[PDB]
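Construct the complete structure from the given sequences, taking the supplied hints into account.
Residue-level listing of the chains:
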Amino acid sequence: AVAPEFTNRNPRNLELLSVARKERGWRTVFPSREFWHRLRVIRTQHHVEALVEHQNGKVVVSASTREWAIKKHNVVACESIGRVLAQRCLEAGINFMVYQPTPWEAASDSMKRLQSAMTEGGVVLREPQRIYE
Amino acid sequence: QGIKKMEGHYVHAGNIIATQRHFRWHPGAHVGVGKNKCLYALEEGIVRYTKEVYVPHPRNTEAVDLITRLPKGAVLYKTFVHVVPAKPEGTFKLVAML
Amino acid sequence: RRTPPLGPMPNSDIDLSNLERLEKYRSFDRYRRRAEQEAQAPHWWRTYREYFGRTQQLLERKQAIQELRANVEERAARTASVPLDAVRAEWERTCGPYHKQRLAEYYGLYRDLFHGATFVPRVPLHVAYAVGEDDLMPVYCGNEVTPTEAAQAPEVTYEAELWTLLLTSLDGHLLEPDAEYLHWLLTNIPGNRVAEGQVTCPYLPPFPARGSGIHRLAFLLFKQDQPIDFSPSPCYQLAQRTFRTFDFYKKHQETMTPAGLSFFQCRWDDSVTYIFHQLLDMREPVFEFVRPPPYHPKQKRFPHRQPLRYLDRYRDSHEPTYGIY
RNA sequence: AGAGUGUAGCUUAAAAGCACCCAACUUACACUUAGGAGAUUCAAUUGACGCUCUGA
RNA sequence: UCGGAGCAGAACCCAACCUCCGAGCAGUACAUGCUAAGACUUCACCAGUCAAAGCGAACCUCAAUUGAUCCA
Ligand SMILES: [Mg+2]
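Residue numbers (the deposited numbering), protein chains in the order written: chain P, 42 to 114, 120 to 179; chain W, 51 to 148; chain 6, 27 to 79, 99 to 118, 120 to 124, 127 to 209, 213 to 282, 287 to 380.
Any given hint could turn out to be false.
[To be verified] When the alpha-carbon atoms are kept at most 25 Å apart in a straight line, the in silico DSS-like pairs for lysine-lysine are as follows:
| id | chain 1 | residue 1 | chain 2 | residue 2 |
| --- | --- | --- | --- | --- |
| 1 | W | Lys-54 | 6 | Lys-355 |
| 2 | W | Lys-87 | W | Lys-54 |
| 3 | P | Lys-158 | P | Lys-113 |
| 4 | W | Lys-122 | P | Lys-63 |
| 5 | W | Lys-55 | 6 | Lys-355 |
Because the hints were derived from the structure by calculation, they are not lab data.
In structure tokens:
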């Protein structure tokens, strides 16, 4: 009693298999929407938010300074937030990301420290190919 | 020049969507383009147009200067051409019962 | 004719008589913030989303921040350690519910198993899969475990004192969709002792088919006010294990609210085939994950200016021949 | 003596975002990067502490 | 037929069978990669073009120096 079209209902199945399709266009606008999991960071005064949005924009995990939990014990704060988000992604099962900041934000040492902490946690910002056919 | 295919018409991937000199037509979802500044289909499905704010790439410095010349309350907006894929990517079919 | 905008046109009010008196987007982040604020609105000219989409605690936190700044001073900044274990514990204590609800919505667990009605899990529950003796594989919300390591029943921790733990695969394997395959059923658990409650459905191993993508299996514990009866013994029948969590929550879980959930992925492995052959006593199915084929263009009488590939589209393949030997 | 009264400068915020200033690139400005300084006035929905206006 | 300085002193233009230097050039080259869906079609073909996904990289000088179709 096995159906011919067995359809598993894991939401992350196509993204993990990379078969999740992406919007090929929107190349003129910045940033492009051709990603599966994109790390969107919004840096503000004192507190800075960092989410990981899907193709629809589903920011499943956030790690900001306003959470009032890690308030006990800045580029160092950015590295700490990156490490915490990497641990949260490892717990939730995320290893493929898309970090696309501005070139000034790319030159930012806070972003570099956060990305280094994310790589130490085991989160790759590489966005691997979907593999055609 | 102009838009080759109207929005909502089903078109295969690689078909010519909108061709223009000076980019009157902007790229939306699944809309390829080359050096000729023309929009073409990147997937099979239905075409749609959407007025969404365009933010240029950081590589374009003149566009950055123009956006800086725009006011802080000024919003650009631009007509992008999205290609909603009608068909799915693929389906899992039961191969055999070993 | 001439179609203008239906709603308010963009950049209309901010023009004014003195255009040079505008503050202007001097920073590119300011223009980006204004654009994002506009994009948060749904607008009247449609978009891509149209087609696709306490005071005492504050004082204590301020004192803690002041103490941390005094300990740093500055000097520690000029590179703070910030251990993530205490931060994670405090986040699970304070703000774990919103992130848990976001993860449950992202996995589609509430929309599939419970047919909607997502809730923030108050009780923080994490599973420990027994893999040898040391250590135990940690299973959080979304932690992936293979079917080989998931042969035996795992432990669970929630730090709470009746309860009812269950496990369901929302992927709808074998049978029809919009269903979940039950794996374990613990009921009327007294305190933290899950073994105190009865076990209706004995714990079965994961059986994901080959090449069927990833499967989503969730273990859920709900807050139970009073113990209630259940019902199916240790059985390998797939018809008895097929049950939807929404129907169970609707007309049976009246005096019961959710407390905690833990999601996990499941893929085909050697133990899945072993359970299929031995325990299920059936042949293991394999799925193909096949994409749609090309449409192929319209065939005309002559190839016109096209190359030789025009006359060879709509049959198959490689060695066919002429009239007859 | 009366009215209006109350989140740092600002908020159809409930402790955040715009704002403050420092540097380096700047002739200079601006931007960016690194920073930090920053507030729901106190007692039980009520009272007073603080200010503006109307008086004397 | 075409340019540089002044007349034309500080966004354009400005005039003289105006005041002076110039020009019918000269020198130096011919990722300007490969592969690869899907389209345009010289109203046939030939000839030509556009271009998505992949591999492998970045991330002309002059001062003028010239002109037009038509018949060759
Ligand atoms: Mg067109």
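Structure-based check of each hint:
A C-alpha spacing of about 23 Å is found between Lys-54 (chain W) and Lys-355 (chain 6), which places the hinted pair at or below 25 Å, so the restraint holds. Taking the CA atoms of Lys-87 (chain W) and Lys-54 (chain W), the gap is about 14 Å. The hint holds against a cut of 25 Å. The hinted pair formed by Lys-158 (chain P) and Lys-113 (chain P) meets the criterion: a straight-line CA distance of about 23 Å does not exceed 25 Å. Restraint check for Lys-122 (chain W) and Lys-63 (chain P): not satisfied, since their Cα atoms lie roughly 32 Å apart, outside the 25 Å limit.
In summary, the hint linking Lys-55 (chain W) to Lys-355 (chain 6) is supported, as the alpha carbons are separated by about 23 Å, within the 25 Å threshold.
The structure fails to meet hint 4 from the earlier list, while all remaining hints are met.
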